[PDB]
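Student: What follows is the residue order along each chain.
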Amino acid sequence: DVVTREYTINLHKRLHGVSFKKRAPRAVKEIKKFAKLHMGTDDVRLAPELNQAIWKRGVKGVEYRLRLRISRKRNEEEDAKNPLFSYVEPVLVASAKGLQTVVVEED
Amino acid sequence: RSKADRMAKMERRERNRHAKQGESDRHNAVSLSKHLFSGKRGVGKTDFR
Amino acid sequence: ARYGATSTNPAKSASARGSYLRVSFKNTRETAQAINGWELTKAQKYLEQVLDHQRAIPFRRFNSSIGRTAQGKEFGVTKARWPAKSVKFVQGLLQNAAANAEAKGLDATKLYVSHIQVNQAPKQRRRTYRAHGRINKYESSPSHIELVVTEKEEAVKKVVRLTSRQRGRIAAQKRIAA
Amino acid sequence: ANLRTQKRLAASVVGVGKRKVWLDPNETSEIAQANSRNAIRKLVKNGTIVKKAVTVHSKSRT
RNA sequence: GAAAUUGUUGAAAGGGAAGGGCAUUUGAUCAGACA
RNA sequence: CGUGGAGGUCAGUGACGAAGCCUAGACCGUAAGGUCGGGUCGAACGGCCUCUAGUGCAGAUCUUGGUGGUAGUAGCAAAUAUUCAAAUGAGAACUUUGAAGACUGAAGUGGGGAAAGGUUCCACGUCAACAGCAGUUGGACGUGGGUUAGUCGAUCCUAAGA
RNA sequence: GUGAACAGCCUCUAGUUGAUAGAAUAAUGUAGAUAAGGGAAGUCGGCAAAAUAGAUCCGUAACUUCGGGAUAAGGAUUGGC
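Chains as they are written, first to last, in the numbering used here: chain Y, 3 to 109; chain X, 62 to 110; chain V, 2 to 179; chain H, 8 to 69.
There's no promise every hint is true.
As a list, the in silico DSS-like pairs of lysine-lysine whose alpha-carbon atoms are at most 27 Å apart [said to hold, decoys possible]:
id	chain 1	residue 1	chain 2	residue 2
1	Y	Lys31	V	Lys86
2	Y	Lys38	Y	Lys75
3	V	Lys124	X	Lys81
Have a look at the derived ranges for each label pair, beta carbon to beta carbon [unchecked claim]:
id	chain 1	residue 1	chain 2	residue 2	range
4	V	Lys124	Y	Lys34	35 to 43 Å
5	Y	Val30	X	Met68	49 to 57 Å
6	Y	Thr6	H	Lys66	43 to 51 Å
7	V	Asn64	Y	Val104	48 to 56 Å
8	X	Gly100	V	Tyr139	24 to 32 Å
9	H	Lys66	Y	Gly63	26 to 34 Å
10	H	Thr35	Y	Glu8	32 to 40 Å
11	Y	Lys23	V	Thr9	54 to 62 Å
12	H	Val23	Y	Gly63	29 to 37 Å
13	V	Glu75	H	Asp31	48 to 56 Å
14	Y	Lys75	V	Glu75	35 to 43 Å
15	V	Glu154	Y	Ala82	30 to 38 Å
16	H	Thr35	V	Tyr130	42 to 50 Å
Quick caveat, the hints were computed from the structure, so don't treat them as lab data. Note that beta-carbon positions come from the ideal geometry of N, C-alpha and C, so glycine has one too.
Start from the sequences, fold in the hints, and give me the full structure.
Tutor: In structure tokens, the structure reads:
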């Protein structure tokens, strides 16, 4: 079931008490685990525009709230995982506050 | 050529068990070194920290 | 070619081998006893979950100072462990022994692993360096893997002497009891 | 493919260090063919390898 | 292709050692003699 | 009693399996040891009267060679630090390009050289070993290619000295 | 660039991103720190850490081989515009 939604994600409560050399690499593994919870897939991808959005304030200055877009798609032939995989990508907005989850229509 | 290519790999095998990192590693292992065991260590200056 | 002691029919049996495999030996002994005696199609389903941290290989013999884990409760052992490089060779031979039984034309579901054996191979001598200029060995422990799968077969007048008195006793009770 | 040879070789042609030359990831079959200095000149002027102009060190605060 | 040492199978034993001596039980196994 | 050879005898044994090796199978001798059956094996070897010695092993912090217990244990913790996607591939924390992020910060992790090494430089093919994890990459492996001087040096002069 | 400076700290040009990695945050460690009240009672001994620290001006004792002692001691001051 191809379904694409929006999400904020509170990276302040997930990076609590982590060493400063491992905050930005941990925030990558937190999003791969966040996509597994909502979509229920194992193959999670991150567009390189999302990688720039985490690492922009150095290793130790990861933002509190990101605003993600997660697309669940069909997988290609002769892949032995499962036919579905997520694709996490960013949507830029002025403030990440005050926004709740919204189902994106397709066309 | 494939018969003599096999005779290389039948006779390389004895050197890989000794982990020769070439066919040119003939660094010989000494049984016993003198500076380890030939001494009587007492009060005073000694031969190692 | 000169297997271990086998108690089976060599007509309805397939086999496979692996020699000089640069593995650990103690890690491959304990992953062979976990799979011994099982059914073949359940054995391949088992080793996949070892790689995914669902079920564990229990360490029975070579198991000192191993940390405890929770997944050995299925076996009644507190010490278990999930060796990855041991399984990637052992299921490489189960995938071999299946296709050997395909070529003879043996049954798919009745096939089970009966004999599986792992013993020592010649070690790779490599050297390292310690304090005070001392040279100590740093060597491996490769192994020989060999296994035989088998179709399950659904199947599972001592002369006696007695004296002339003991002969007369049974003859007496036969006379009385009608 | 393996492109360290051409990465080094285009630094010597353009005249800038290895940190500055750019080899595009979509034309990876074109650049793997070029194995001489002569062909690396051809990959520059059609726009496959570029220069990456200098990182700024401004002096407005000074 | 011996021994140290080891793997699988088969038998057997086991509350802070193991191994040994005399004597028998149980279990496995076996030679001899009766024309 | 047993061992390596020697002279003599058994017109001894043997490819229809000599010697050896294994053998909680048998028999004799108080014992040293001797004989037989079974399995493995593949070419020489015993009995008896005599002669000869480099003739009998549990130790010598014994000699050489080989393997254990400890043990899948101690450990792989200095030098601020890694991350995503694609390509290649049977396989990618480590290879390659790109996007970010950081460091050495001109008494440098930069660019040339003297002693010293000797083909490591460069390309192609390729992963059994080696890089204390890995590996498709390498200062590894296989095959080839490459160092051009009337002016730069040596050669020439003398120093302390030979 | 700051500064007395080729100090220390940050950057441009060139270069590397190599040193086995993941998950947790017990004790005991190693390395780095902070602490009310008291201030060497600790201890063979203030061992360690703390305190003072650059500059401008004022001010400097015994003693002396007349050169020194001396940055003696001690005290005021420092940004931005």
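Student: Compare the structure with each hint and give your call.
Tutor: Each hint, compared with the structure:
Of the supplied pair hints, the one linking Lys31 of chain Y and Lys86 of chain V holds, its CA atoms being roughly 25 Å apart against a limit of 27 Å. Of the supplied pair hints, the one linking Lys38 of chain Y and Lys75 of chain Y holds, its CA atoms being roughly 14 Å apart against a limit of 27 Å. Simply put, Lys124 of chain V and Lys81 of chain X have alpha-carbon atoms about 13 Å apart, close enough for the 27 Å limit, and the pair holds. At about 41 Å, the CB distance of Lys124 of chain V to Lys34 of chain Y agrees with the hint of 35 to 43 Å.
For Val30 of chain Y and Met68 of chain X, the hinted distance range of 49 to 57 Å is satisfied, since their beta carbons lie about 53 Å from each other. About 48 Å separates the C-beta atoms of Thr6 of chain Y and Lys66 of chain H, a value consistent with the hinted range of 43 to 51 Å. Checked against the hint of 48 to 56 Å, the C-beta distance between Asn64 of chain V and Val104 of chain Y comes to roughly 54 Å, which is consistent with it. The beta-carbon spacing between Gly100 of chain X and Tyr139 of chain V, approximately 27 Å, falls within the hinted interval of 24 to 32 Å.
At roughly 27 Å, the beta carbons of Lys66 of chain H and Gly63 of chain Y sit within the given window of 26 to 34 Å. Here the CB-CB span from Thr35 of chain H to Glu8 of chain Y is close to 35 Å, well matched to the stated 32 to 40 Å. Restraint check, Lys23 of chain Y to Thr9 of chain V: a C-beta distance of roughly 59 Å satisfies the suggested window 54 to 62 Å. The hinted window of 29 to 37 Å between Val23 of chain H and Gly63 of chain Y holds, with their beta carbons roughly 32 Å apart.
For the pair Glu75 of chain V and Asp31 of chain H, the supplied restraint of 48 to 56 Å holds, since their beta-carbon distance comes to about 54 Å. Checked against the hint of 35 to 43 Å, the pair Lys75 of chain Y and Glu75 of chain V passes, with Cβ atoms roughly 37 Å apart. For the pair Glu154 of chain V and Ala82 of chain Y, the beta carbons lie near 35 Å from each other, so the given range of 30 to 38 Å is met. Between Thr35 of chain H and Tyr130 of chain V the Cβ separation comes to about 43 Å, which falls inside the hinted range of 42 to 50 Å.
Of the hints listed earlier, there is not a single one the structure fails to meet.
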